[PDB]
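Form solved without this ligand, single chain, as structure tokens, below.
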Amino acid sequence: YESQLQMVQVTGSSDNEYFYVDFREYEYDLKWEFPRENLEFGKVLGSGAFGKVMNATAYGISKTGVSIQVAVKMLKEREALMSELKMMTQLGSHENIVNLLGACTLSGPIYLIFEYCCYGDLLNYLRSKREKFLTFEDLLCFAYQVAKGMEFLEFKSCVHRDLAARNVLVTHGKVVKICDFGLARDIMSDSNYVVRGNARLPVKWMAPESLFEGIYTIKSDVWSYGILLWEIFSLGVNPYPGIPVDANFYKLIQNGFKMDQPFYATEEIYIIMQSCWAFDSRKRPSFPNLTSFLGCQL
């Protein structure tokens, strides 16, 4: 298990000159410690091979002496989860990120407590609304919000190695938040991940430099973001629909193959998508760039 949301530290001007920040040697700030008895567990939000994410009510975790809904990450009946915890305590909060609220790490199994998103992952949300088109303005708003969340991550020197609609969650006012919900799903039962030794790769969302060099930068995320845009404006269709993942898929990407304009996208949005898929990472737009284009389109 490992969160795909990771902090990195750039070492050179070249894309591959950076390393991942590992919080294993850092210390956990106990001000985040929450009483596990103040958690009232509800339904399972999703489960997988390593553990699961549970819904629950938390007594007094919020600034007020009120009880609220939260999402609790946990492992199958550890250091990796502690590192994710430490990492999220250092990130700071943002409206378009699923924020950490607390943790239980001392008198029992490790629990990471996050903000709860009542309407599940954005992919299922979109698919559940194919027969009820939610408006185009909402679509543009989801897009703008994800760009803003990614802009925050870029600012905090982080990258998401699995950016996709399945890792974006929806809450009350049509607000979406980026996270890593990998713990809440069985990667083995998800065909969007291709098995390769010890890796489970979301090939159809990967930038060429990630596919062919194992490189992951904020620019690679701009590419994945373009795929996520296609997911939004097609209402949740699998990317490169009908095309299998095999040696020919890799060759297609290498040759510059790009998806067609999805039905709900306008030509301006599609032009943005296409630029996100520039083979050369330098040619792709930046997130602050994308946030403006979209803010404007809005």
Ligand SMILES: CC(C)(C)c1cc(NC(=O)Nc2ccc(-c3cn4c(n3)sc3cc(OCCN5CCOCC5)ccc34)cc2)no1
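Rigid core: the largest C-alpha set superposing within 1.5 Å between the two forms. Numbering follows the first chain given and starts at 1. Shifts are known only where both forms have a C-alpha. Compared with the form deposited with this ligand bound:
Only one of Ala184, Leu139, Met87, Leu101 has its Cα shifted by 2 Å or more between the two forms after fitting on the core, and that residue is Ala184. Relative to the superposed rigid core, the position of the CA of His172 differs between the two forms by less than 2 Å. Superposition on the rigid core leaves 182-184, 196-198 as the runs of at least three consecutive shared residues whose Cα positions differ by 2 Å or more between the two forms.
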Given for the second form:
There are 2 protein chains.
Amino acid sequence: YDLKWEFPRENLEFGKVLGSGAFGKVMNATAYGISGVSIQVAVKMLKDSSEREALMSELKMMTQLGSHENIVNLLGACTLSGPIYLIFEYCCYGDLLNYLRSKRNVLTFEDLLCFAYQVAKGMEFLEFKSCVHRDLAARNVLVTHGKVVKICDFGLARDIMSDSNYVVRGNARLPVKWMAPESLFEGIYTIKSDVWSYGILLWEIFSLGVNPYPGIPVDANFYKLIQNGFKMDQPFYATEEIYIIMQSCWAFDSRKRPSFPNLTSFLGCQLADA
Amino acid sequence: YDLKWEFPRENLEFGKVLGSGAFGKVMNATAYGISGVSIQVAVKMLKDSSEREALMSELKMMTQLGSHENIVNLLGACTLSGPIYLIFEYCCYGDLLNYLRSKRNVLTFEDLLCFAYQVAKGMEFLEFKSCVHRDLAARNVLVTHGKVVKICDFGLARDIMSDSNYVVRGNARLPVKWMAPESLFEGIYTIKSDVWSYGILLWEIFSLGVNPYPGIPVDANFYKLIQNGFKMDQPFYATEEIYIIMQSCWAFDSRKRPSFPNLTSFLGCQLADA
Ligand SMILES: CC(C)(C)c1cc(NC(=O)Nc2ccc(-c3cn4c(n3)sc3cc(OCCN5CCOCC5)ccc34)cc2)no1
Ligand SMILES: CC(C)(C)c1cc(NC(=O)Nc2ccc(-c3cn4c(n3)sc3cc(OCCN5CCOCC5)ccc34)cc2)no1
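Given the form solved without this ligand above, produce the structure of the same protein in the form deposited with this ligand bound.
Entire complex below, previous chain first.
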């Protein structure tokens, strides 16, 4: 743990709560001298030592990572004289899933294309840094000024007990509709697992925030539907090209899916034309 | 049949034979006053009235079609005082399949990308004109000056009795490895059937002319292999992007394949980058 991250907690001026869960929360705050004179920041904190580490493990993970434009970037932390705080960039428009739903500032197709592009840029970065995201969805992407989007993970700051998209499977509560077959049936999580999730995230964007596999519940039939190769139909705001791209992320063989460098090229092409 | 097509057969100066079959042939010739003062042309002709029409039906089909750059274009015809001739543009480098094989003028990846692009341009044209090609392969594409490629059909000017890629199935001899499942199992031939063939043609280009499904013979197992969703692995000269594109042409559902306008956009993007 580098010392340059350590930020005076007294310089933090707390505002409203941005998200809450059973383990922890994300507050909004004003931080003096971390950038102007002060900026808006988002602060992660807890509310049990089995999770005092899971935060600390997130702390060292975010510092090793390095910054990217399409990632919620760490600015500082408080880890010495009191409770642990992780200080992030503030994304004033909240998560992408709600942002899309509320937009049903006017929203164009090219914006949709941009959102998709930036997320693939951000996952390309993670691929390079050799990370996997175990919960990649639209709800785990934030929106800031200038239609910029940043990938994040609420993790302990989301109440999964009351989120219907997290389904009890085995000794856990998982976001099943976003998960790859190897994840579901072998507990495997790779960058290509993320690619499958990205495909679902594309569906989320170009449906404008419709729940994946709409009208289909998560029961015994769903797992056999996925396992027999079921794929969603085209979402309303998808072009023909995008749907094909979206479909490649859903190859049952994880080896047959595109990489994120591939996805960035495919979507870069679409942006240049659109 | 418009009269502007009618060309004086005396103005034709015949050279070598460019292709032969059981029904007819394609001669090379010099035609005076059909364009310079004279040009090289390719002439289709027969060698039985059940095929005197199949040629005449090709004649009226090529005149209704209109010209495109990536199509072997009709220039004139002789249909009044003697045997029927159809006068086409001359493509001096022969068919694309041999051209690739002999190149194993130096050949670059971007040329490969261009070949693929032009063929999709040409099939996009046919799609618009509401035609299907029932035999789309690399062997049915010609190469001219400037690395330009033009789609064609030898048809009666190819000896299928001695071409191992035409397999006896039912009461016919068909190019099985290039054929879509609906074609094979329902006798259906649509523009999306052509899309599947285009996928195989891509494989041909980026393998540099390797026979599709190499090491796999056309027997009972092959039809059940295709029917159970078997797809070729990546050809040696394919990039990651191209393979994904190539794979979309092979969706078992014909409705899930890209259109040719789609393919042109996908490959146009790749050209712009490469
Ligand atoms: C990606 C990677 C590296 C794997 C990772 C990240 C990670 N860790 C994290 O991503 N941590 C983290 C950091 C910040 C946030 C976060 C949430 N919000 C903001 N930052 S800014 C914000 C603003 C919000 O609402 C504003 C008002 N809106 C408009 C009006 O209506 C209400 C909504 C709501 C939530 C919200 C979440 C998680 N650990 O690993
Ligand atoms: C597409 C559509 C509309 C469905 C269609 C087309 C259609 N009908 C047709 O496409 N007809 C047609 C017209 C021309 C040719 C043809 C063949 N060749 C040429 N034109 S120019 C040429 C030159 C060749 O060799 C030159 C020397 N090479 C280099 C040295 O080694 C030897 C080889 C060989 C073949 C050849 C084929 C078919 N009917 O419908």
